[PDB]
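As you look at this complex, bear in mind that one protein chain is not there, while each of the others sits in place.
Residue numbering begins at 1 within each chain, and the chains themselves are lettered A, B and C in the order written.
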Amino acid sequence: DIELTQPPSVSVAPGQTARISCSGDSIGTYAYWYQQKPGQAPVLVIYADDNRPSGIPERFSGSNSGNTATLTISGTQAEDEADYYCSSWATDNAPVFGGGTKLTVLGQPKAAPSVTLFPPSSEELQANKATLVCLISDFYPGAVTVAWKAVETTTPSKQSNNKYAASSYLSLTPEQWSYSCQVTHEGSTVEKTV
Amino acid sequence: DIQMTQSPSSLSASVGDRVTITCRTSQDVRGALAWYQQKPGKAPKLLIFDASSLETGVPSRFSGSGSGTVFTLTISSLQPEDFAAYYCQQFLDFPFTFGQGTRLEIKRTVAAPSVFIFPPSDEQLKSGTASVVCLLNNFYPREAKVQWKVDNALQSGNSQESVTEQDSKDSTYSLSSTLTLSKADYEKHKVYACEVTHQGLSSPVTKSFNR
Amino acid sequence: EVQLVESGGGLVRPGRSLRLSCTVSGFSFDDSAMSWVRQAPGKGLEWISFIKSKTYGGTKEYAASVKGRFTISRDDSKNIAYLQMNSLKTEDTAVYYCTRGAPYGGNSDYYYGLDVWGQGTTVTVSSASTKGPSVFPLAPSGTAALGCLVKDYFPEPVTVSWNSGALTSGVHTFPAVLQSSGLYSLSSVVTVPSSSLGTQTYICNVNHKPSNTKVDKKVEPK
Partner (left out) sequence: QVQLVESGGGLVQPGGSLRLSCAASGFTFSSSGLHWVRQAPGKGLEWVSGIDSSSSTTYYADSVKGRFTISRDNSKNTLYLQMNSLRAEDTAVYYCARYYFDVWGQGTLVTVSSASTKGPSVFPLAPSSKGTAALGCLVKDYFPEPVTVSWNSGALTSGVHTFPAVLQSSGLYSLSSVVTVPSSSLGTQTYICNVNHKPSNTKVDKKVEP
């Protein structure tokens, strides 16, 4: 069965509600919601339709109707940010899992990430190797889209200064080695020429 | 679903005898019945589990038997304790339906009731609602029939019947019938009477009131 | 020991939502299944809803009579079980019990019984308001019948006293009857010797607690 459709990312201001939808193709049953702090095992926050297990604060409330389920996080806290997955049980008695949503709480002021270009190296040119290095630093929130204009891009990682950072590596042959890198953090598009 | 019939609803017994209560099922529950006892006006209690197995807190007088479709409770000696209502519940597949229920009543000698005819209320005559009250005190067995006959014609659909529980002293019953008649209905009729059919009564004794 | 209490029971007009809470203490709430059983006054027991524990997914499911109107939820952190009813009807006037479905073994999906029951709360669905009791004398027309008729009792439980509480033997208080209009009807029966009927001052005391109204009536021969 197709995975349950979920929004990729959701942005909510601190101390203000969060709404995540889990509309799917015939869930037909109750939808469970799971929380995953990065580097930690997922935990259950909402089971059946709107039940809450022990150890979960009251801020987590849920609903289910028709073919859509919703997690209402009233007054989200900054420490709460994680990935929220919705799961359900299909007719074939086989579990189905959703894509997931990231709670990007705007704890820090929004800023435009800084992008540094990187042309080919002399050793790579002598070795017949090309690598286009695009380093996007000081990104906020941690969600950036990297595009190459004439490619493996690492997932966003938290920086030591609390600013999201990412790197985009593009491989080109020595014969094929202008090249442009496009960065889109939040609406605005940043282009670097190399 | 699963239909659940308990037989008979009214079972009469004396103190210290043996009582059988049968719960019959539609499909085969595979020995997953639960028997409950409810004392009047109080929370029900778990009496018999997994058909035969006895639950903790119940003395040995209570036992269960049978499997598949027929299930029975056998009580060795009936104490004053345990004269209450009994229910059976199924636990094979959802939904956990309850039976009709069986009521245990203390056996007593057949005593006919006393017919008392309460005339229409003088204060309620001008209120707008006129009622006729028929009272039967000390009546045994619980089943009794009261017919509200107005002007020699039986009246139906305008009567409310109430029954008093078994008295803790004599083990009797009381029955009250209220006939609802408007002012026009009260004036239109001529002779109002109630006919009581009881096992003790040889013939239907009717008491009439004159408007 | 294991204690189950309930609240949220009161008078509600048809078609209005009401939420009952089952506070659980004395045993673990996470791994026990909770079921709600209702008893209409006079009628038999009826099973309303069942929700499994967290270990088994908490699959809520109800009887055919309340499907689409009753939703059951539970919170383990505050060990409380919720029952919410929308489109409430007059047939639902009953006493609701909170029951704990004990597993077969220590923990299993096969449930063998409802072990511990709460005391229960009264849920009344009606349209009428709080109306004071109406006292109608029933004069005695061996043992004579003297009684008072209680009519138009609204949203209540009432107390009847014979001889200001002096006469305790021979006092038969009939069960309440739901009148067509929406009020309750009650009857009191006093059996006394015919000679003593004209001597003792038969005084009936009726107290309607919800309305804070006290009514006294005198039964004398007509």
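We take it that contacts are C-beta pairs under 8 Å (C-beta built on N, C-alpha and C of every residue); 3 or more make two chains touch, one makes a residue touch a chain.
Chemist: Which shown chains does the chain we cannot see touch?
Modeler: A, C
Chemist: Who touches the missing chain here, A:79, A:152 or A:175?
Modeler: With A:79, A:152 or A:175 as choices, the missing chain is touched by A:152.
Chemist: In the whole complex, not just what's shown, which of C:7, C:55 or C:194 touches the removed chain?
Modeler: C:55
Chemist: Tell me which of A:69, A:135 or A:183 is the one touching the absent chain.
Modeler: Residue touching the absent chain, from the options given: A:135.
Chemist: With the missing chain put back, which residues of subunit C would touch it? List them for me.
Modeler: 54-58, 105-109
Chemist: Need a quick check: the contact residues on subunit A for the chain that isn't drawn.
Modeler: Against the left-out chain, subunit A lists 32, 34, 36, 41-44, 47, 53, 83, 85, 87, 92-100, 116-119, 121-124, 127, 129, 131, 133, 135, 137, 152-155, 157, 159-160, 165-167, 169, 171.
Basically, only the chains that are shown with their structure count from here on.
Chemist: Can you work out the whole-Å distance between the CA centroids of subunit B and subunit C?
Modeler: For subunit B versus subunit C, the centre distance works out to 18 Å.
Chemist: Could you state the distance in Å from the CA-based centre of subunit A to that of subunit B?
Modeler: 67
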